[PDB]
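Form deposited in one PDB entry, single chain, as structure tokens, below.
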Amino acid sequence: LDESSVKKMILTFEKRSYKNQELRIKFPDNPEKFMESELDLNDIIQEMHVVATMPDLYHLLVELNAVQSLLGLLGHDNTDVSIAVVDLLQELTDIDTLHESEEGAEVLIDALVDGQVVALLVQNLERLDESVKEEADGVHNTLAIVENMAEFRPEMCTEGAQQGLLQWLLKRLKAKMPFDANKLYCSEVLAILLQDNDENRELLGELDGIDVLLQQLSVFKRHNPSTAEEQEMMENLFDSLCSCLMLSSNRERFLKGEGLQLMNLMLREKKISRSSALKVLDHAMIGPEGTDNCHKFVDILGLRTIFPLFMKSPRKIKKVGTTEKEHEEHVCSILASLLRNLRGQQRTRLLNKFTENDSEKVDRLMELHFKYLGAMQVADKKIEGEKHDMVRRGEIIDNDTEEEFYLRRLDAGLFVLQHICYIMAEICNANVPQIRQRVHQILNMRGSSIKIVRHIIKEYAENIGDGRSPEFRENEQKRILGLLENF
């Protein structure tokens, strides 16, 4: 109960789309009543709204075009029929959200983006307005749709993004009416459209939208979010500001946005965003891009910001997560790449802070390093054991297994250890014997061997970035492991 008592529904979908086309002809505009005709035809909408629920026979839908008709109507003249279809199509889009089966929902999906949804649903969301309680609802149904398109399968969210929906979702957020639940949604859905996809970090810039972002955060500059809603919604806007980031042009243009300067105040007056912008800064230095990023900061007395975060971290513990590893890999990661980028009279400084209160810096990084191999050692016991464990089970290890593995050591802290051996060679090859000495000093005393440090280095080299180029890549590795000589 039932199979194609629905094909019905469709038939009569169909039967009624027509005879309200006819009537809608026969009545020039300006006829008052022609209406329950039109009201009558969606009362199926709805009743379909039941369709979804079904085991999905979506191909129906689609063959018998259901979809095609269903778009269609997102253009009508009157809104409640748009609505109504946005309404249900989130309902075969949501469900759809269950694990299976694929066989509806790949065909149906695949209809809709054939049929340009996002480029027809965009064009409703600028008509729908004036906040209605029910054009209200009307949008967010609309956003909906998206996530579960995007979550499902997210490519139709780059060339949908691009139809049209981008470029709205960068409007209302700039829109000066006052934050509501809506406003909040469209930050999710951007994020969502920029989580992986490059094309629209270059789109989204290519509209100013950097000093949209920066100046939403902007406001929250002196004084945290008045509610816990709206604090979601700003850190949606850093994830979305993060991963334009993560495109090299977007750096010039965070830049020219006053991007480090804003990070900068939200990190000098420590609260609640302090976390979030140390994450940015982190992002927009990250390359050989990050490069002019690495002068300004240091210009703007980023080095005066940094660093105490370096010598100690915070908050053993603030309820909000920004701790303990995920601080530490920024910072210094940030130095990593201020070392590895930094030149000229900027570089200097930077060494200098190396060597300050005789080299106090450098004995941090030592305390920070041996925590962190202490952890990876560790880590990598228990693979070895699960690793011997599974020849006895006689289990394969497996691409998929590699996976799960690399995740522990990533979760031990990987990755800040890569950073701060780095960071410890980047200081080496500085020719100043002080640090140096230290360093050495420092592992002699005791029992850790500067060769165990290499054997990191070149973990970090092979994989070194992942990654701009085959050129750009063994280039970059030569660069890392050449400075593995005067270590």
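So that the term is clear: the rigid core is the largest set of C-alpha atoms that superpose within 1.5 Å between two forms. Positions refer to the first chain, counted from 1. What changes on going to the form deposited in another entry:
Once the core is superposed between the two forms, every option in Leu108, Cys242, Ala412, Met233 stays below 2 Å in C-alpha shift except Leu108. The rigid-core alignment places the CA of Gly287 less than 2 Å apart between the two forms.
Annotation for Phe152: C-alpha shift of 2 angstroms or more between the two forms, rigid core superposed. Relative to the superposed core, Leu213 undergoes a C-alpha shift smaller than 2 Å between the two forms.
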Second form
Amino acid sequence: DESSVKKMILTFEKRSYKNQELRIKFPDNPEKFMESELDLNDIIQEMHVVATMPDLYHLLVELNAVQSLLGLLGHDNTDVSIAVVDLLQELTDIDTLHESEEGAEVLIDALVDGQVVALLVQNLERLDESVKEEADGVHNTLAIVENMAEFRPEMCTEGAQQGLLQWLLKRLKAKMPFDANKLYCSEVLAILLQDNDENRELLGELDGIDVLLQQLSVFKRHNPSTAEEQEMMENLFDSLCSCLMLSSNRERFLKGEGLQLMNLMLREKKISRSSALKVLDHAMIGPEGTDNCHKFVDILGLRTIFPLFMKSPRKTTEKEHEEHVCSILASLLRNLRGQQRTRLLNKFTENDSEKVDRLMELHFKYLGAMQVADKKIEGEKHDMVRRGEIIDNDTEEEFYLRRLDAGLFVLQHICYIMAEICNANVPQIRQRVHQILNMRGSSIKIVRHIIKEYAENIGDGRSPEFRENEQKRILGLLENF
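Output the form deposited in another entry next; the form deposited in one PDB entry has already been displayed.
Below you will find a single chain and nothing else.
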């Protein structure tokens, strides 16, 4: 009922106005503003019905309420603020939101204009999670931000650095027992870090990496007791990984003893092992891992990793485990120099080159799978041709996915390792390689082809100069092998 709705908003806006006036005017007592406050509370509650029709979100904007509500977030009393937050949550709830086409956009825009996020942060900075009500408020705020994020992610960057990111770190860092709020915070932080480098940089600046390490480290020598705790842990790990997609952060991770903590996680063999592995991989990946690569060997990483290379936890699937391990190995071979490189190579000569044997075993495994996949793909293509279905970029994407699933990346890594290993002028290794290859009649040629293919697509999101360099380097392995 549209006229009625309109009337109702004015019902609040005046109340909103007058009660402010009351606050301003008569000297500071309960009685002279007090009864206003109850009125305010109840109107807000009533308005919670308003979220059923977002066809009517052209309204709230319309004259006065948007700014007024925002202004109310700083109210001298928490119960107004929390009510406001609640309203926003109901009002902002995506799941009831995503129907309305104009209704969504305007409100969000208004919020952005009013720098809603900053106000929310400010409000938070005065809450007290001892008081159940207040605690609910925090949760509500978090929910609201999640909702906003889902609708329009361009505000993520200014949302963080409106102080939100700094608040999140503080809440994580707080020596409080685990509760839903912490989990929510973790979730939000993770979301904030999805594909956004500015946010990552901000986190790095704020000593966020240190915080992440510390929070994580609990699960080194303990083990989440619940789905909730576990979920939180996972979120944290994800956040860390996201942060690591950025070079500056490699160094921060290094400084914060990230490498040591992940190696301890591996040694411990608790649940965090898989995540730790992933983190390690992320730390080491490109040129920008070199220092991390070198340090890993220094802290005896080789002793932790090669057992994992050799046998994969009876108990994340096996492929993933293999993928990460091999990835790490590849990284090490790319980047390592001096004594650490020598150390690495030595692990390919013990014990009668058993690791080379392992590598070749792996290669055959992956190769067979790849072949199978390839055949299937070919068949599909043929079928498409028969049916006159044109193969476009979506089709190619789909095909790529299949290959990925079969293990393309792992295979590529293996091939790379093999190439680098046979370029070490260590006869024993080379002989073992070639011996093994013809002996079962797979061929150098296949390996070469694979290498070439890998080179072709290397470096997806980086300077063209880089790509050509890397490709060239990889090709150079083929000369002496």
